[PDB]
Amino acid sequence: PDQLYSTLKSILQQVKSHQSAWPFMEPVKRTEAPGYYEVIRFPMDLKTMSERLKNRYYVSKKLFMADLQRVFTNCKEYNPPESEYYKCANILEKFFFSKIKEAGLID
């Protein structure tokens, strides 16, 4: 019945439990990232996604995927190519795509 939330909740949990999710668990802090909030204008992280999900913001699959996609693209825009974050972004992205295909949110 409440099917979309349950599906989105399962995917976000899997993504947050993945061994490469750790750079993305919290908002980037100004202190640790020179000039992030000048270059990345729509920041996103998995804690904020968890909140939005709880707050019933994800009324469409499109809104959820756009937010999760933003986590990865923000990462790749800012971090160096062979940095551990960039490697994490693409591994987690690959896992994201695998799971949203398995749930038929893309098909």
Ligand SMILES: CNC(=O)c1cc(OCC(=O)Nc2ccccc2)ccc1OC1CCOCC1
The other form holds:
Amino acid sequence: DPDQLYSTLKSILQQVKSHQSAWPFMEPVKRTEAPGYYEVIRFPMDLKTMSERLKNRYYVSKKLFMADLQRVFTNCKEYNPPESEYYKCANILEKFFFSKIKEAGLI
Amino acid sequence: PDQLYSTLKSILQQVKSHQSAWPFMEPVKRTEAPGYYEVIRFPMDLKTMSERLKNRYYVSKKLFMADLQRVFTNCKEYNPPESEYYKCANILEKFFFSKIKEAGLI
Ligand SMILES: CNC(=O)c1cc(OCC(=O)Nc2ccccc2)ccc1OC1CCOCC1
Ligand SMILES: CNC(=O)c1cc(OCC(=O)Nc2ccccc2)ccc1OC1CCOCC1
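Any chance you could show the form deposited with the named molecule bound after that form solved without the named molecule?
First the chain shown before, then all remaining chains and molecules of the complex.
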């Protein structure tokens, strides 16, 4: 069922975006704010871009959606220090993310 | 190539000796983890990574990172956020990233 998947992913993504630790991940990181970011990170990802991909019917499987969302987190942990606010936010939001996937029974 | 090999060996060994590595040392058994292999399609562990290393599979940083990252993401996907295993995954992942940055791999 394609619109089953779509509705579930929309719901999940929207809850992730509304989470209080989502703020670092809402938009493409700007080169002005992140020194040499696009030299280090070859596959940049963010929640805006994920919203568009969703709207564009790109997420035809769980696996694709997970991959982009995990990329958000791995980009962040690759680039930032472990005790930085952004790294902490990545793990809080990841925990939340997994709890919402488990809730939905996405399999 | 033996530059890469030595660096990866060193990193992997340090990861395996870390006090939070214990959940990841061997393949998870279906007897101990209900429906694990239904949820997790690409299982990974540090024993298996040691073998792959010895087997000269890790010809690039990217391949090594991928398998090690998979160890953590498998664990977080399957376990509760406040479970001991989930906590260990993040402690060990932090340690891991600090060691790869130290070596100038990523
Ligand atoms: C997911 N967001 C980031 O990874 C990020 C990192 C940023 O880090 C700057 C920096 O100097 N980081 C750094 C510090 C020490 C060592 C290496 C990198 C700055 C803005 C960043 O993007 C956010 C995008 C919108 O929210 C505010 C900033
Ligand atoms: C990386 N290891 C695991 O993910 C794991 C999960 C296991 O599942 C236990 C379990 O019931 N987890 C669970 C708890 C609440 C809800 C769903 C699953 C069992 C053994 C597991 O690994 C073994 C424990 C450490 O010793 C060797 C491997």
